[PDB]
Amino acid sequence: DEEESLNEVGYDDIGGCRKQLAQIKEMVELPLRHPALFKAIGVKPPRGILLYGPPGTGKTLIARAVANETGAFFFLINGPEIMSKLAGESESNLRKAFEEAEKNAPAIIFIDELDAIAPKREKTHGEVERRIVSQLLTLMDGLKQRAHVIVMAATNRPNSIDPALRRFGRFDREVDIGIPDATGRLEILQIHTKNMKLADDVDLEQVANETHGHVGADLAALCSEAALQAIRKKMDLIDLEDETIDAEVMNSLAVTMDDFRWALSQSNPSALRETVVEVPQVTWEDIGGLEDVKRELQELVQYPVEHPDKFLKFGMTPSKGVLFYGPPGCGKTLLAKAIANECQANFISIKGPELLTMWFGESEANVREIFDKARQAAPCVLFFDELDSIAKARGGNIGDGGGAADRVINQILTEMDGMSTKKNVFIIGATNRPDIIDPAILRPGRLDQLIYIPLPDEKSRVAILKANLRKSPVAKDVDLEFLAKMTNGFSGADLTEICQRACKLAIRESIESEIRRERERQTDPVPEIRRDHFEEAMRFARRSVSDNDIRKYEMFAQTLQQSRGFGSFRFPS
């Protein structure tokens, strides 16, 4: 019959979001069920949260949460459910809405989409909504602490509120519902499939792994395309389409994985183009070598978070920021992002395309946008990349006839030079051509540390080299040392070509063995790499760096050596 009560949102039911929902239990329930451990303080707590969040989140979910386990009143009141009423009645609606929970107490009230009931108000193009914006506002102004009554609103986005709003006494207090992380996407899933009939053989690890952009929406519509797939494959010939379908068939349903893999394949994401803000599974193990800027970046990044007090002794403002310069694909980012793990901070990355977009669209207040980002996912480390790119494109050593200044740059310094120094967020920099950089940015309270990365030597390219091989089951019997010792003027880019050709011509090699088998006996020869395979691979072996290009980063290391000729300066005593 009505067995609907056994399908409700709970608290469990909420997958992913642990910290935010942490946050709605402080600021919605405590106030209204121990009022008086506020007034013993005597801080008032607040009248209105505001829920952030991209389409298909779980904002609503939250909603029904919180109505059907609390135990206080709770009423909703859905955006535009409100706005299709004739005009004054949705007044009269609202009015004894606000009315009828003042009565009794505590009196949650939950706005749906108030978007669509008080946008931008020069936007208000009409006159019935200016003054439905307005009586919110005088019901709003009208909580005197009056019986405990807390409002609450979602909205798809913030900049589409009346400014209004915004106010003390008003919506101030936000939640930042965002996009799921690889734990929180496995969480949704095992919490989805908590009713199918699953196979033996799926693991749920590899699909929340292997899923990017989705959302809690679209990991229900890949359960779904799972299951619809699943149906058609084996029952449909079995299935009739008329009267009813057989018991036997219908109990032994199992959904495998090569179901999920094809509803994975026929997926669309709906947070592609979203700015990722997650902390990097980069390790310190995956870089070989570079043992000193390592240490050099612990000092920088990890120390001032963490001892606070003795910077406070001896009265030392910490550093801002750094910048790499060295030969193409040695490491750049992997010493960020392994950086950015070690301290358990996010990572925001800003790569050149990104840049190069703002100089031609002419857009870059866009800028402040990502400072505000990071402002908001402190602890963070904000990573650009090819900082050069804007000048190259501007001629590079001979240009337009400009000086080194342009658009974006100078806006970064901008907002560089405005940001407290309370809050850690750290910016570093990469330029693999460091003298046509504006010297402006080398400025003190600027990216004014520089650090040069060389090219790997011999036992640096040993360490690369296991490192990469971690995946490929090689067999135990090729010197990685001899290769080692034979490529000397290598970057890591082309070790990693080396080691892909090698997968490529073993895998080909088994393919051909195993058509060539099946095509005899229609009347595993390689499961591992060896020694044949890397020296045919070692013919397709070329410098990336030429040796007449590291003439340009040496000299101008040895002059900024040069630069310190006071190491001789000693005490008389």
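Throughout, rigid core stands for the largest set of C-alpha atoms superposing within 1.5 Å between the two forms. Positions refer to the first chain, counted from 1. First, how it differs from the form deposited in another entry.
Superposing the rigid core between the two forms leaves a single residue from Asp258, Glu415, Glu274, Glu100 with a C-alpha shift of at least 2 Å: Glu100. Relative to the superposed core, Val128 undergoes a Cα shift of 2 Å or more between the two forms. Once the cores line up, the CA of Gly401 ends up less than 2 angstroms apart between the two forms.
The two forms, fitted on the rigid core, differ between the two forms by 2 Å or more at the CA of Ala22.
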Given for the second form:
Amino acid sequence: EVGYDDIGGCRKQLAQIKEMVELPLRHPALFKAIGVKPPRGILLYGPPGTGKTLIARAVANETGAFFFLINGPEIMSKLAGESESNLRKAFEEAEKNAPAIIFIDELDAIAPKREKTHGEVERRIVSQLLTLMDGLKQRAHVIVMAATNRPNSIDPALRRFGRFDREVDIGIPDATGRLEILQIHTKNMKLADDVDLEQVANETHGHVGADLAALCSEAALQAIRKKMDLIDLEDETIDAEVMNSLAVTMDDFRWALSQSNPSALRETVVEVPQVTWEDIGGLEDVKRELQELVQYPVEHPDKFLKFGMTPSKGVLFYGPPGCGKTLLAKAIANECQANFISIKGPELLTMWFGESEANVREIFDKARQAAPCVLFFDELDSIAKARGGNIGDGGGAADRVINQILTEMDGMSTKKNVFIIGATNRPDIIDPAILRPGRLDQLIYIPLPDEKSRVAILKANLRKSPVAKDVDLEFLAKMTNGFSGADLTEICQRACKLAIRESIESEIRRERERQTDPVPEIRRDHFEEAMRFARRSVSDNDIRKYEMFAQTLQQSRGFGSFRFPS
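Form deposited in one PDB entry done, so how does the form deposited in another entry look?
No partners, no molecules, just the chain.
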């Protein structure tokens, strides 16, 4: 049967479920004697296919308590009055065989949003469910677990205390989680020696457990189809000397991956970034500032409360485009081992155009649920830029979205470790209400990269592709003076393209000459040709604005000669 081994991906959520469920079920008498109250309702979030039913079944099997399954559509498909009878019978039967777990599969099908009822028998079913829920006068030990896709798709009457008040969020698996799922689903089949499950796990960006299981099954069936056609003997029984002789190769996995339909691609992704400080050269002062602002409070709270200092909430990055504002946020999120959720400019523009700023509440709720977390708002100026920019439509510097961000930020509890980082390249057009103390007080200037920074960028970009040992990256960084973090990437990509073109041309020429590898690495010639097309993204007439702004900010601090009389 199912167990904890059959579940991959999520690990913290399974730990929380174990903590909440194992003690009251495995120790009935001990909990009865003790005067505390165990939870009597758990609500599992997450998109379909994440394995919520699997989690509930595995917990019930491992604990050993009786497991009774209530299916939403099955309950709602019966006749009026018969559905209520089935629900009551299920509850009383589960109570009789205590301890027990009652799993309501699709709760949003039984008790949807109130405005979406549009009926009477549906409301009667919801009321019957509420009566049965509030009727759990201990009844030895029965735990009711329900699964829903979204928190908003449940009748709010079920959220109150004595009901489904405890919530567990099951998200999209990460790369390690996807690798675990693939290993679980491939442990029974035979793979060829060149199959690297880590590679395919990293390739699948947006996938849930069902998608990965389907991918493995599709690859296995592809191998079976490519093999059995040779033997073409569909005998009475599948003989054992065929499956063993058949192995799935990397080619089949790539073929199945290409013809795959991800289920969750527009879902916001929350995970610890894999970038580090080595990917960005220099900027040591900014690194120290970020460590001071976001790493100290989460690591030494006692020293913060000892001096009675309230930690800051936000930091605003400004500077020319492409200099690595996003990379710094990802690196600082990774260094503290905290979750990172990114909100791009198009998201804010969609909220502004659609006049739906209630999604900001959803964003902040997700950040709160994924604490500790780093919330990164990219190009906050976009809305201000969409309203004419410097020459606006005659109105003030305020909009329905940034104001909602301010409202959510003010009401955000400082005890929880949620840190907000904003990025922009036009500090002049930013709403001054953002820079008010208590919301976003720190301003950090990100200048153009320096020599060591350029060398680090080149090394980081060229890490994946082979290069010739004769290439002198130091001289290339010397040649490049005013480029940004994107021009170097462009140069590297042009060199790679030239190498690829030369390889393909040589291959075609050799094959056409053959009627009766020349380039394994990228050499100096490719970089020499690539540098003939390099272009400075930011002109010398555009950095002067940032330099003058920073100079004005620095020059106003004219109190560096204060000394006590001693």
